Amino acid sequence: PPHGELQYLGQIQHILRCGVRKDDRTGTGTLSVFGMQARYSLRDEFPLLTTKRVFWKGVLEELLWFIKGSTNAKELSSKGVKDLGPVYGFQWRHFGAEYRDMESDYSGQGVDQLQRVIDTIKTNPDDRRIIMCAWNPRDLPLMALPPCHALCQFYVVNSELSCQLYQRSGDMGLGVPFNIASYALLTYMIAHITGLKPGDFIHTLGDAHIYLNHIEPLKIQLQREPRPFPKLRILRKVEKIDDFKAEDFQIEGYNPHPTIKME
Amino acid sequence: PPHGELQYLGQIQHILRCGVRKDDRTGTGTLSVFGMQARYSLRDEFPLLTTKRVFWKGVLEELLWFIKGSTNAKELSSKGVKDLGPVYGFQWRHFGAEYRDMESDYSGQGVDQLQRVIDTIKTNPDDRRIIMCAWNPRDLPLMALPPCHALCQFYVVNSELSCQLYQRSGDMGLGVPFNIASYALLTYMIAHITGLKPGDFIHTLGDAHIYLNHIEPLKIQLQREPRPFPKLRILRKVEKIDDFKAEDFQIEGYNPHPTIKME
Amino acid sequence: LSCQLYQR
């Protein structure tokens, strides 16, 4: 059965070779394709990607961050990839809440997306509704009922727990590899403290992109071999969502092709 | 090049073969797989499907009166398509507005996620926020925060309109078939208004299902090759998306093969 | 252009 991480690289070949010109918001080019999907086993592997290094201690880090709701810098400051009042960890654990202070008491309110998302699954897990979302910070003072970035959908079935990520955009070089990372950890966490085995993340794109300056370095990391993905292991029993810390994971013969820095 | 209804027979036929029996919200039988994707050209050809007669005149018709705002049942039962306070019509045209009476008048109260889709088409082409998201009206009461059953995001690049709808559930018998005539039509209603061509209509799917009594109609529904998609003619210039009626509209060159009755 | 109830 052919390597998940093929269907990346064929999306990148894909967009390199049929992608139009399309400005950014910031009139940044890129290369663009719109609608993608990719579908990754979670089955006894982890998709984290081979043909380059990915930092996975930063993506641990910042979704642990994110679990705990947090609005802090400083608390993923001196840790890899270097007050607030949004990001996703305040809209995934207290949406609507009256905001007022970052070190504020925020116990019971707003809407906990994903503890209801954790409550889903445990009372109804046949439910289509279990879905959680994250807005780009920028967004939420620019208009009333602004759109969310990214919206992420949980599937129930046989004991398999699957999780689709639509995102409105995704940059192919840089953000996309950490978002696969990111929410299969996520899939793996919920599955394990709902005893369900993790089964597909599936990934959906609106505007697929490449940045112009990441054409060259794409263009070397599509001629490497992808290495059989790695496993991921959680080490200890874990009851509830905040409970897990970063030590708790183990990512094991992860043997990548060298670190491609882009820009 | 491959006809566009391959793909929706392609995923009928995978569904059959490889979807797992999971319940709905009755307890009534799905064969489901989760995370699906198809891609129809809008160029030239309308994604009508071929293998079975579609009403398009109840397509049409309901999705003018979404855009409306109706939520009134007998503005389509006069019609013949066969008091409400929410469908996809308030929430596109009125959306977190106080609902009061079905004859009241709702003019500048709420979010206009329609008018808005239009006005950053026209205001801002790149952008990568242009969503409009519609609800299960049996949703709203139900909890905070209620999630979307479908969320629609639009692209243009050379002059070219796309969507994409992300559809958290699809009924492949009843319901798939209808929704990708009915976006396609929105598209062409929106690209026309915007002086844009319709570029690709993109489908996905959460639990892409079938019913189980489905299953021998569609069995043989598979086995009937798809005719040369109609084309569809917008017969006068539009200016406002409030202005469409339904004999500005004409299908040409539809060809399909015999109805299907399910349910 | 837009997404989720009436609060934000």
Given for the second form:
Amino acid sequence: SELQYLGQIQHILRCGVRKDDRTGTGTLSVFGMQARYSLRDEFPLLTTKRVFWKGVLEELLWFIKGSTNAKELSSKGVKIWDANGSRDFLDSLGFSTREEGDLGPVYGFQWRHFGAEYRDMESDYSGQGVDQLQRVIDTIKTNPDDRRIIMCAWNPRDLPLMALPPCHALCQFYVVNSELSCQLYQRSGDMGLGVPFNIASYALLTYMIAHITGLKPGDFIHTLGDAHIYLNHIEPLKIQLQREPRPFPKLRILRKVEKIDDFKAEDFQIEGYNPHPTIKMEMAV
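What about the form solved without its partner chain, after the form solved in complex with its partner chain?
So it's only the chain below, everything else dropped.
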């Protein structure tokens, strides 16, 4: 099922159109793609290249905790957001009053406190805003046939206060035959760098919510808007494209957890992940 991501890479290289972007780099773009990754007895952690699974696990716990402080995640070993929370990148977009790591109201804030008035990254928002994450878990428990199980991060009101507007803007859940499925709408997909990271992130999120609600993981539908391949990624991706995929690993939950907040990093174990060598690709800031 990894061939779907590879088939999207090969289709952008062969049929994608050249298109400029905000960064000083260049892209080959295709608008509108959809792939289905099965979560049943396998976890879609890519094997054609080693994916930062510790980054995937620590960033999601950072989202669930509602933290918007980049130093909070960077103190765990995952420095993927320090570029968007640095003084050089923040001061270029008019954000001159931030302390250290103030991305603004981003994925963590919108998941737990949607609509609340964002002060800074250290302020308390308990009881403020809409808790989309906990409301989604409550709806799955009480009314699984509901078609409104949605957690949205795209907030036009808080949009100008974010260092980078949300890429995974909207995700919806779906229950049938005790199988929890998840579809993510990604408005902008860095096919070389972020997309493998984002697929594993929301696949893990489905496993956590399926563990709490007592359901089995079903499918993860990855819907893309602007799916692009940066020009400085063509050679590293052509090397990844020649690699033969290996079977997906498995994700094991080591203890029964009742609440979404009680998940710790030690509760997860990836079993049987044998990927090809890492392929470091430059980020476009």
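Numbering follows the first chain given and starts at 1. Take the two forms, find the largest set of C-alpha atoms that superpose within 1.5 Å, and that set is the rigid core.
- With the core fitted between these two forms, just one of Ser162, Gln113, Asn136, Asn179 shows a Cα displacement of at least 2 Å, namely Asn136.
- Comparing the forms between these two forms, the C-alpha position of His149 differs by 2 angstroms or more, with the core used for superposition.
- A movement of the C-alpha atom of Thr26 reaching 2 angstroms or beyond is seen between these two forms when the two forms are aligned on their rigid core.
- Taking 2 Å as the criterion, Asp127 does not count as shifted between these two forms: its C-alpha moves by less than this amount when the rigid core is aligned.
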